[PDB]
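Complex shown without one protein chain; remaining protein chains in place.
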Amino acid sequence: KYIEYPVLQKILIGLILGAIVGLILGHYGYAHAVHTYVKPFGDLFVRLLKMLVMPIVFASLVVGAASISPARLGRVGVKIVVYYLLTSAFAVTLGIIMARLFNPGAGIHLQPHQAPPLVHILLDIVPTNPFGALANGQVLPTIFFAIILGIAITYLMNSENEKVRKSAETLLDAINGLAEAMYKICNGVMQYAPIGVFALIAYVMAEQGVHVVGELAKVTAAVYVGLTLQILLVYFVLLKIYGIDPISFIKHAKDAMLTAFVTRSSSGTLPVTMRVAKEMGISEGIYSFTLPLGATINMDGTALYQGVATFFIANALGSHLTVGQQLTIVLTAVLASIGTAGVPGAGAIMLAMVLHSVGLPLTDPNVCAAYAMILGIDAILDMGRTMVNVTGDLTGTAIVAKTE
Amino acid sequence: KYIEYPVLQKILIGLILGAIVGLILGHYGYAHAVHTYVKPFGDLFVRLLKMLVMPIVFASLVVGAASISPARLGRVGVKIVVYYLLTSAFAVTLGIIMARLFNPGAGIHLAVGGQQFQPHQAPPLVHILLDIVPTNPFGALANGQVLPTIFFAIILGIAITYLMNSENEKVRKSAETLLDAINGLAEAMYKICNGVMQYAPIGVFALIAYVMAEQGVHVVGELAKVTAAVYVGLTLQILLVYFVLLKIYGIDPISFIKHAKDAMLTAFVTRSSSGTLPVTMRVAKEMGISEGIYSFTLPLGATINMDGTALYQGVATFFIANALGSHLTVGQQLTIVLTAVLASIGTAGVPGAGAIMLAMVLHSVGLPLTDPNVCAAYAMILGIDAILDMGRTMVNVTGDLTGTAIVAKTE
Partner (left out) sequence: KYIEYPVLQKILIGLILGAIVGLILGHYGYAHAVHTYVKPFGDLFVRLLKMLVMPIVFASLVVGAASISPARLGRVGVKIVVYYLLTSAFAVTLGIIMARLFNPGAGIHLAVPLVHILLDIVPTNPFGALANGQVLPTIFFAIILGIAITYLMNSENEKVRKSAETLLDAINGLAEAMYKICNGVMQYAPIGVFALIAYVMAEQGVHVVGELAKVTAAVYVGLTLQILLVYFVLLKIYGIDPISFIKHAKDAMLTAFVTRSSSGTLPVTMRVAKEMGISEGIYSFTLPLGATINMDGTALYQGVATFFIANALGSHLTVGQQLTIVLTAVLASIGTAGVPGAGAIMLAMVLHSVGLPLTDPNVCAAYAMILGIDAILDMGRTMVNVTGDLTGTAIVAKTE
């Protein structure tokens, strides 16, 4: 196959090259040649992610749910979990604002059902038959239940019976790996990403004209200017109130951010994140505990990412978001960020989750396309997103080591 | 949350307190305030049990099926398994009689929200005897459809045991791990059932509250008509089965109860046959039972042989049937006994267990829980379940010790 190139560039080629080929066929050779000979390669890519969604959702959430479970942790974690909870919680609230002062999707307009009298949906979050729910789509209850199980398991491990203790581990580990196996396919999909994305954005550059680019960069801005604002108004702020020098903090994390920015793998940048921790005076039994938990949990760069991407979709349909469903985003996107893997694609797919909630199924055509536009450019947003995901751990690690 | 109270009382408060509040709103503040502000809390409770049904059914039956499998047992068990089979088998037959001389449900006939239940007919025997066999295990296990889920799950539970005796080591290993995955999956469920029983006080309160506001007091006259049919069947089991088979083997039946005094009464209160086991083992030594005998029967009697439940279901069914006004046919009546036993063998030995296994003995015979009229009628049993549960457990434990004292006579 001879296709050995470094993924990031290898894809950033198919993005810029795919744009132009789309525009040169925006005029000239018209719109029916692409909608038949290029996009069929796009859908494939997307549907390979679709594929992954339900199992990853399920498995990831259980593995996540068994990793947190209170109280299966020392109070050394309590300070940082609360930190993780609130650094992620406010992150998406900021994402709302970036989706408020910037309105991406509104003007790109290219139909959903009502809500029952609150009773049913608050009940509907509870599955009827776990299998049947997990079977065909329906994400919302899949969450609820999966968690309830992930918790149950941890309490089988502390049960006095040895076989019961044994039953817990094995089962959990079966879901784990099932978890992990998924990701090697996600990476197996990211090898198809260059040929995949090329076809996608190519279709979106042929139809809809150039108005897309004026909105794509309007998303990308709303995101990146929210990202740095997070660092400046949250990190830089909470660094000052605890006596830590915020300028030299960045100089010590210089390698930890920039290696994470390029690789886009928070779970892969961890030894680099651990190496930086020692270089600025953080205790052993402190950073060997927080960083391995920050590698999976606390994904504020993603939590925000989804909170915006949603508004995009909403406005790209021309649907106005209500409060009650707006405060659902923040409730979901967090649970979504806590679920996310810490790998190239991860976030994008977890977005699907924060979409099936609020009444936006991916089986619907208008969702497919609009989502695929985010998915095409995902790679760009992904880089900065990761960079912030890693900063959130070290800042918390430097903060929790102050009051200990 | 500060809600630390002992479950039994903590719930028996919400039952008696919930009754009165229902009746005082039976008149006065009328029927539309409850059907909107209290019952939405009830359904939640119920649906948390619904949730559990399919997986527990599946997992429990496989774990059960791999625990019995003949011949994966010494002849020391053959005498007691046959005993377990026939003590449970006749128990529900008695339950039929208690549902015959007492007719609970007949005269309570309801249509709830305007939906008179009209279940469907039976095909010419061929299809259903075939339909017990799944088309695609997954698809069956997926959306409801309990009947074939049973059949298949068992067939698997048996298969597994025969992978363990296979000469290949990796195959032997494959068997254990897989089975253990289903196990735990089995067990994990139960910690959620107990997690549901912590919601039971707030749950049940809302349920019986709705049933005391609508239908009037005629419910109580029938609820206690069930409870009677049950309890007077329960003691009759002990007196006409246990006390009878105790006499034919030379065992003194009066002092037997004096030695099992702690074993019954601790089981009566806790309602956990799987939790009362060390107490059941301690009593066994106190009346002269051999070691390699009670260390084998009691751990098997803790899960299998649930005659107090087998009967419980055999009645509860008639309740539902008559509560709809549907007359039960023989052919389907002898299905009850066939099912309720397999249901009792599946049941866990924990606070809720039985009630949920009832759902199983309902999907069989043509009574799905997706149907509205079933929901409500079942929820009435589920509300009072806690009461029946206590005596049920007490009998479930007596059935093991009596068998243990009997099988140690001819050995």
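Here are a few things to note about the model shown:
A and B are the chain letters, set down in written order, and residue numbers restart from 1 in every chain.
To be clear about the criterion, a residue touches a chain if its C-beta (ideal position, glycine included) is under 8 Å from a C-beta of that chain, and two chains touch if they have at least 3 such contacts.
Interface note for the absent chain: among A:67, A:69 or A:176, the touching residue is A:176.
Across the entire complex, the residue among B:130, B:232 or B:244 in touch with the chain not shown is B:130.
Contact with the omitted chain, checked across B:5, B:162 or B:249, is made by B:162. Hidden from this view is one chain, which touches subunit A at 40, 43-44, 47-48, 50-51, 53-55, 131, 134-137, 170, 173-174, 176-182, 184-185, 188.
Of the residues in subunit B, those that touch the hidden partner chain are 126, 129-130, 133-139, 142, 152, 155-156, 159-160, 162-163, 166, 170-171, 173-175, 177-178, 181.
Going forward, only the chains that are shown with their structure count from here on.
For this pair, subunit A with subunit B, the centres built from the Cα atoms lie 44 Å apart.
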